[PDB]
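What follows is a single chain, given as structure tokens, in the form deposited without the ligand.
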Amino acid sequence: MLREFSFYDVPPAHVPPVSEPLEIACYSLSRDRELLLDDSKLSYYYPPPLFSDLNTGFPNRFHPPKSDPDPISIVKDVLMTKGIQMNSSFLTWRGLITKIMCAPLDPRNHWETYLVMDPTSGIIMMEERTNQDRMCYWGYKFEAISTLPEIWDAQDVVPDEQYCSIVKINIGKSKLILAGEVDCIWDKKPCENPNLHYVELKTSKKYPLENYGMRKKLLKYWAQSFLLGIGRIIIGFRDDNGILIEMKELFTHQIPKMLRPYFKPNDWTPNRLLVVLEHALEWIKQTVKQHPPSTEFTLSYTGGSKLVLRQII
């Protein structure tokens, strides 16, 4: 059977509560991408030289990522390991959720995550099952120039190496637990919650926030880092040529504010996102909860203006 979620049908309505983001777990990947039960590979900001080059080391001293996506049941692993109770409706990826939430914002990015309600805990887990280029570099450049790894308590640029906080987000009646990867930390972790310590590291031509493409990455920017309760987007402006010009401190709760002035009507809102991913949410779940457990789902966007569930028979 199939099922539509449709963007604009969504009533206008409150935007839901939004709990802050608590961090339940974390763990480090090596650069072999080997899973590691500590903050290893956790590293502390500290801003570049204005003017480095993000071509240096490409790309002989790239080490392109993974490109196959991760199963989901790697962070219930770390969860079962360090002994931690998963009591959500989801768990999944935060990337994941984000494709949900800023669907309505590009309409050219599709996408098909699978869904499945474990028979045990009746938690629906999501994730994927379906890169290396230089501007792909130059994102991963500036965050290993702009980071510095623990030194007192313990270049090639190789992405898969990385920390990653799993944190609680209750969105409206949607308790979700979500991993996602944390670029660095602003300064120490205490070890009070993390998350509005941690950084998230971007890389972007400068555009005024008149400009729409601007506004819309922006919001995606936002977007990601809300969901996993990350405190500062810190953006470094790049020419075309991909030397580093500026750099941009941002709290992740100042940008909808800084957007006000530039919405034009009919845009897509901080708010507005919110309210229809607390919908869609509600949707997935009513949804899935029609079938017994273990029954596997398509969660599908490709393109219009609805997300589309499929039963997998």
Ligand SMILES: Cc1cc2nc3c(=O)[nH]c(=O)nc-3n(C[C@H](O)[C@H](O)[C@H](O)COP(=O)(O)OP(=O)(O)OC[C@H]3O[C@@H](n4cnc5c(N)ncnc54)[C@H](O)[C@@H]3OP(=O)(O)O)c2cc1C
Given for the second form:
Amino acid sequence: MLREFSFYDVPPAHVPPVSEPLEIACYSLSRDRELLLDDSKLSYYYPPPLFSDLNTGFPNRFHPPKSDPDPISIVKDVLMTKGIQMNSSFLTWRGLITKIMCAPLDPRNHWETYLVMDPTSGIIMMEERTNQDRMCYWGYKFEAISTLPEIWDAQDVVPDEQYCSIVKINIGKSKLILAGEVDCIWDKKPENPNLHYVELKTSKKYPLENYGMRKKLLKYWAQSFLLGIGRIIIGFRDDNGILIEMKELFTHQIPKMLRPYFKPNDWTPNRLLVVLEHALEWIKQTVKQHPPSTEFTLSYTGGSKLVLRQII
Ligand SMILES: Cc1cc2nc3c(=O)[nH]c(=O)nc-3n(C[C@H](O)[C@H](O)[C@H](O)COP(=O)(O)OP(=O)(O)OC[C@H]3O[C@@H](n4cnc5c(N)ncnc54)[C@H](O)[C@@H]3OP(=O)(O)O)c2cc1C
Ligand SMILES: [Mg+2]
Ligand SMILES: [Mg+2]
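Shown: the form deposited without the ligand; wanted: the form deposited with the ligand bound:
Every chain and every other molecule in the complex is listed next, the one we just looked at coming first.
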């Protein structure tokens, strides 16, 4: 027995309201994976030298990332440890909402998540249960050379070391608690901090007329939008992996920058939000229609549809 949700069955609607994502907790992960309830792993952004060689250190200074999905119970336990109550509809990693939201854009990227409603809180928890080639290293390396740790109050490329923000964000009728990795911060951490946060990306530069470039930027936007990240800073590199150009974007500016280039068919920020809000309402309706602790999988395998299965 399958339940299916059609991207294209969603009528043209007004873009749903989305609240300013509010940080309710944060934590750091040491290089050794120790989970610390502090900001010791929040780094500051500082522009690296132009023509930096992103190959430097690959592979002998590269500690490849863990490469196993993290259970979302980590985040539930963080909130429990700090005595924060979960009064929302969804609890998951930011990147798993990005996957739902951007699925219309990415027929090639197939994924599967696991959902269970928590019996005490009633929130729907979602996780994966199921990245270190030279291309990804350039990404990790750009993050490394573009950041500065806290020093006053306190090289190898260790993507396992991370800072994480946990936000409350409302998308239409769905209240979500989302945990996501924050690459660094623009200035002193305050007022809600997320607009101060920065996402770092590395990419070849293509014109905005290029459909692939637009799709990539839309995914950049979606990711940072879901965590309230104020800035996305792109290190443009050439085919040799040399840093050529720094581009500082404000997240809210990406939908504006792309407006003159969308073709009449294209997926737009507003269309993506409309569909996402319908998908979330559908997931919620389907799950709540059962007793808590019932396990489901949410799958996308190409085409136009999400499929929710009850696990037995
Ligand atoms: C089989 C499998 C292996 C995974 N291995 C890792 C891992 O080694 N480290 C990790 O942080 N998360 C890994 N994940 C994903 C985590 O379970 C979790 O969803 C995620 O870490 C939550 O953090 P978000 O900030 O919401 O992740 P996202 O919004 O999805 O991505 C943010 C950043 O997390 C990093 N990241 C995300 N996914 C992976 C991945 N699959 N492998 C390596 N780095 C990744 C990467 O630097 C990425 O930056 P960028 O987008 O610029 O490339 C894995 C998932 C699966 C299914
Ligand atoms: Mg990182
Ligand atoms: Mg990044």
